[PDB]
Amino acid sequence: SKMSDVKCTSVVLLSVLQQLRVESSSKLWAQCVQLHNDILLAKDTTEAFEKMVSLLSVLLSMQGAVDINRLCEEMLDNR
Amino acid sequence: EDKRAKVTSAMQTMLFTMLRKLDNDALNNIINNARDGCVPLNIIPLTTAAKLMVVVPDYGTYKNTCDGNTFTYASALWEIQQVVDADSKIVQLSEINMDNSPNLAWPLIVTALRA
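If you read the protein sequences in the order shown, they are chains A and B.
Under the UniProt record's numbering, the first sequence has 3883 at position 47, and the numbering climbs by one with no breaks.
Under the UniProt record's numbering, the second sequence has 4102 at position 107, and the numbering climbs by one with no breaks.
Source of the hints: derived by calculation from the structure; they are not laboratory data.
Incorrect hints may appear among the rest.
[Said to hold, decoys possible] In silico contact screen, one side only, chain B against chain A (beta carbon under 7 Å); selected entries:
#1 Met4006
#2 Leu4010
#3 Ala4029
#4 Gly4032
#5 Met4093
[What the hints assert, rightly or not] Part of the chain A face toward chain B, derived, beta carbon under 10 Å:
#6 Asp3841
#7 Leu3871
#8 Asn3873
#9 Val3889
#10 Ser3893
#11 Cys3908
[As the list claims (entries may be wrong)] Below, simulated DSSO-like cross-link-like pairs (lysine-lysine); rule was C-alpha separation at most 27 Å, straight line:
#12 A:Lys3879 x A:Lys3843
#13 B:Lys4046 x A:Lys3863
#14 A:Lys3843 x A:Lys3863
#15 B:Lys4058 x B:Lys4046
#16 B:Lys4016 x A:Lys3838
#17 B:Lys4084 x A:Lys3879
#18 B:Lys4084 x A:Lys3843
#19 B:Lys4001 x B:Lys4046
#20 B:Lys4001 x A:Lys3843
Virtual Cβ for every residue (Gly too), placed ideally from N, Cα, C.
Extracted from the complex, chain B is given alone in its bound form:
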């Protein structure tokens, strides 16, 4: 598997280099978010009301990306539908605050529709 792994690595490397060179706001946003472990669980939709589900690893990521019922990601606004902790258990937007934050089982999963 090693020649194949070497090619695979060289290809992934070139790919992210090309992505850097493109220097696109949206791609940079989803790549950067992914480096901090904020990752989409499904394909990012391009149409209204369509469901995006992404993992939010912690409260810093959370508050950087979320204001009110609004989630901002891949250069777009998404209207938050639900949040659920790691127990599948729902979580209100008001329970997510600096005080109550360590009381939550992270990561959260945000489900939201495109604006």
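Isolated chain A (complex conformation):
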């Protein structure tokens, strides 16, 4: 339902992270992989969404430049 959507999203997120070179930390990458697997195996939405909050938090705590306001600007500027 929306379960397949959260799960699909977790796979994209794990990708975005890998694209940011999160693999250069073995510890953090293993952590991300595990949360991703937990989401995919989640039997209830609650578990899926909580694990997803943790995983997304990895991306938000990366000062790097996922930079959100800039994506929103891109989104706004096209429709």
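Given chain A, work out where chain B should sit, using these hints.
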């Protein structure tokens, strides 16, 4: 690096679109907080007493998210353990008030345990 940057952008864009479509309270809270520069410094824990550390950019964000020793974030209550300004220097919850606020070196860092 440009084809790679174009794919990266398209992927990040789709990702946040999917996040919007999910329309989940907790994810929206941490994303919105992140847009105002309230960001977690570590992975948001799912278990009790676990340590969350997040940056609080200013007094508006602060008072929107904090009441007493309680911090509210990602759809959960967290019991504030410590606050520290940008000097690593501690800061009491009572020093954080509309009057004394401009006297502080922001951002603050709140360390807190899950309820």
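Per the CB criterion, is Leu3871 (chain A) less than 10 Å away from chain B?
Holds, about 8 Å.
Given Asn3873 (chain A) as an interface hint, is the shortest Cβ-Cβ distance to chain B below 10 Å?
Violated - the Cβ of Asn3873 (chain A) stays beyond 10 Å from chain B, reaching only about 15 Å at its closest.
If you draw a straight line from the CA of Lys4084 (chain B) to the CA of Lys3879 (chain A), is it 27 Å or shorter?
44 Å, violated
Given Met4093 (chain B) as an interface hint, is the shortest Cβ-Cβ distance to chain A below 7 Å?
Constraint on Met4093 (chain B) not satisfied, violated at 27 Å.
When you check the alpha-carbon spacing of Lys4001 (chain B) and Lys4046 (chain B), does it fall within 27 Å?
37 Å, violated
If you draw a straight line from the CA of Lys3879 (chain A) to the CA of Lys3843 (chain A), is it 27 Å or shorter?
11 Å, holds
For the hint on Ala4029 (chain B), just tell me whether its beta-carbon gets within less than 7 Å of chain A.
Holds, because the Cβ-Cβ distance from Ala4029 (chain B) to chain A comes to roughly 5 Å (cut-off 7 Å).
Under the criterion of a CB-CB separation shorter than 7 Å, is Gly4032 (chain B) in contact with chain A as hinted?
The hint is violated - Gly4032 (chain B) has no Cβ within 7 Å of chain A, the shortest such distance being about 9 Å.
For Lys4016 (chain B) and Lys3838 (chain A), compute the direct alpha-carbon distance and say whether it is at most 27 Å.
10 Å, holds
With a cut-off of 27 Å on the C-alpha distance, tell me whether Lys4058 (chain B) and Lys4046 (chain B) pass.
Status holds; Cα separation ~21 Å.
Do the numbers back the hint for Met4006 (chain B), that is, is its least Cβ distance to chain A under 7 Å?
Since the shortest Cβ distance to chain A is 6 Å, the answer is holds.
Is the Cα-Cα distance between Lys4046 (chain B) and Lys3863 (chain A) 27 Å or less?
This hinted pair holds, its Cα atoms lying about 18 Å apart.
The structure is inconsistent with the numbered hints 4, 5, 8, 17, 18 and 19, although it conforms to all the rest.
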